[PDB]
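> Below are the chains, spelled out letter by letter.
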Amino acid sequence: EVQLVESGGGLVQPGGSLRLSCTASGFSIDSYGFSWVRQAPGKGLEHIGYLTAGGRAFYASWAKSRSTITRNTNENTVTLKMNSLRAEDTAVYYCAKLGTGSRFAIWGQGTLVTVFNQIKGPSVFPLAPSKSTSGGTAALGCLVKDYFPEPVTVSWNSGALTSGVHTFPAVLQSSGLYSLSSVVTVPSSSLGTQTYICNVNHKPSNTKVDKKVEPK
Amino acid sequence: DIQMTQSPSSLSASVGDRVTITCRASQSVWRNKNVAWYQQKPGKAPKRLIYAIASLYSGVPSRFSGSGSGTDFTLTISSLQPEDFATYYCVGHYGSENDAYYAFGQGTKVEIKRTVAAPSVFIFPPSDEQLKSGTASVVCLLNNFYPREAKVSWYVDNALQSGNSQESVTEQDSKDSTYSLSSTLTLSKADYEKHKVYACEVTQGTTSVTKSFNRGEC
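Just so you know, the protein sequences line up as chains H and L, in that order. Under the entry's author numbering, the residues of the first sequence are numbered 1 to 82, 82A to 82C, 83 to 100, 100A, 101 to 125, 127 to 213, in order. Under the entry's author numbering, the residues of the second sequence are numbered 1 to 27, 27A to 27B, 28 to 95, 95A to 95D, 96 to 212, in order.
The shape of chain L in the complex, shown without the other chains:
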């Protein structure tokens, strides 16, 4: 059926910056004002900020304002504030005289703007206890960095690994607005004991930081 799509998927603005999020509807909304803007924080239920395309709800700060027209709808944050950094969804209602349907957008993260910060990179060999179960996990930690984008590559005896790693990323820290990232290389104990040099290469911008260890040297 219908679908919604907003702009962008994620952005970065400052406290006091002017933020603009647009939203495009697959069709024309059934009722003309069948467009709402939802603000959802991590671990919290969605909160409707604006309904009827442009009408603000009571208690919502007036710095928010929706300016939709046809199939293009804009959420405006005049003076962005610390409590405004969140994920924003637009939702539209479109059916017929014998249909009634909704669809959400994909979302839009309004992230804090931060100066570049390089990660503190740590590599962790698999524990001896885990190796007894037949599987080896090698963990690479990227602590308190910015921006989020980063290339983390695993090397085993200088051989670039492919398809045996999984990444996880935290949300922006509430104090320094940095990210933390983990990359976990999964090998069998047999394959782990076949090689010597395990290295985690972290590349962002013009710098690559490689932390490594020899299997057995401690």
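So that you can see chain H by itself, here it is in the shape it has in the complex:
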């Protein structure tokens, strides 16, 4: 069994450095060439560099500034070190033998690197629905504002309400903080009786918010 596991990753303050190891098992790290790729949130795959079988680095234009792709045969690792990190560098970094002109292609699972200026838990405000104006169906939700970094997960009634839930992708507000909404459609007749609570969880700040959403 061949395997490629990725080490390192986490919160890095801007200008700081990320160091990511890529540990192989079932084969030797010096018998193939290896790339580092990254995928920003919602964006496409972006090649960073490629270390040939001969230990020769081939960085990219934007990467040649602050990127060193080394290899350690003692520990069976290929390493990526980036300096001078910007907000555009927050992404999921993979290591891989891309497999363009070879039958052997292997990828790591990907480790997340987040460039954070501050850690800020979210503020949760109700999206209140009674006076419902959509017949027998009402909409309600939770507005999750001003948090950093990603991600937040949202459930409803501790996961007992999943039908009709729409949790939107976060957007980066001009203030530099993330925000998102989670909505759900419910019987407008159930508003006075059924309880609706959104469970917002922000692990980077160890914060969890449960918000009862009531009419008016």
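What the hints contain is simulated information worked out from the structure, not anything from laboratory work. Please note that the accuracy of each hint is not assured.
Here are the in silico distance ranges between beta carbons for each label pair [said to hold, decoys possible]:
#1 H:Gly156 - L:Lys39: 21 to 31 angstroms
#2 H:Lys81 - L:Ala153: 45 to 55 angstroms
#3 H:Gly161 - L:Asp70: 21 to 31 angstroms
#4 H:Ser160 - L:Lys45: 26 to 36 angstroms
#5 L:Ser27A - H:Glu1: 33 to 43 angstroms
#6 L:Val110 - H:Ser31: 52 to 62 angstroms
#7 L:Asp185 - H:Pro212: 18 to 28 angstroms
#8 L:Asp185 - H:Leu169: 13 to 23 angstroms
#9 H:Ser186 - L:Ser26: 57 to 67 angstroms
Quick reminder that beta carbons are idealized off the backbone N, C-alpha and C, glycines included.
For chain H, the structure is supplied; the task is to place chain L on it using the hints.
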């Protein structure tokens, strides 16, 4: 350096339809077969489906087939299946005797084809709790609609807002293949309390649906 570009950025086909995605390379790939096709689902790592331009990997369904020639490369899905709707990247390797480089395409979403469905539009006033912090958020919800394309305009006292809204869109729902969209208008409490009528105008095709509220009437 090199770059890849595919066709199109997004498409819509049916279960059993014949899908064709092309891919153009900036230069000639170093090795002739240095072209692979990657299938990536949301929240999942990329999965290589085809290497060596035309060679399928073991386990890959034979309905997939790559037919590249020079700098034009095609991914063919004979009978499109439910598990084939995803984003497809092409990746090419091109360097020299003293160079070795890759570049990915931009991607191509193979979306489900769906009959037109109008959105259920809801508007949400800012909560009183938020207003105490100095900022007002007005949210407009477009629930379970198709197609994705839609014009959402904010009006404050019949004055079209510009540059103070942000949109977010879900992926296609796994049951009805619809989209949901939110538009969030951001104002200060001072500006929010200066006006009365807040309206969200949703336009797609020949129809415009406007949901609104008066600040204070509940």
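> Of the numbered hints stated previously, which ones are contradicted by the structure, given in increasing order?
Violated hint (a single one): 3; every other hint is consistent with the structure.
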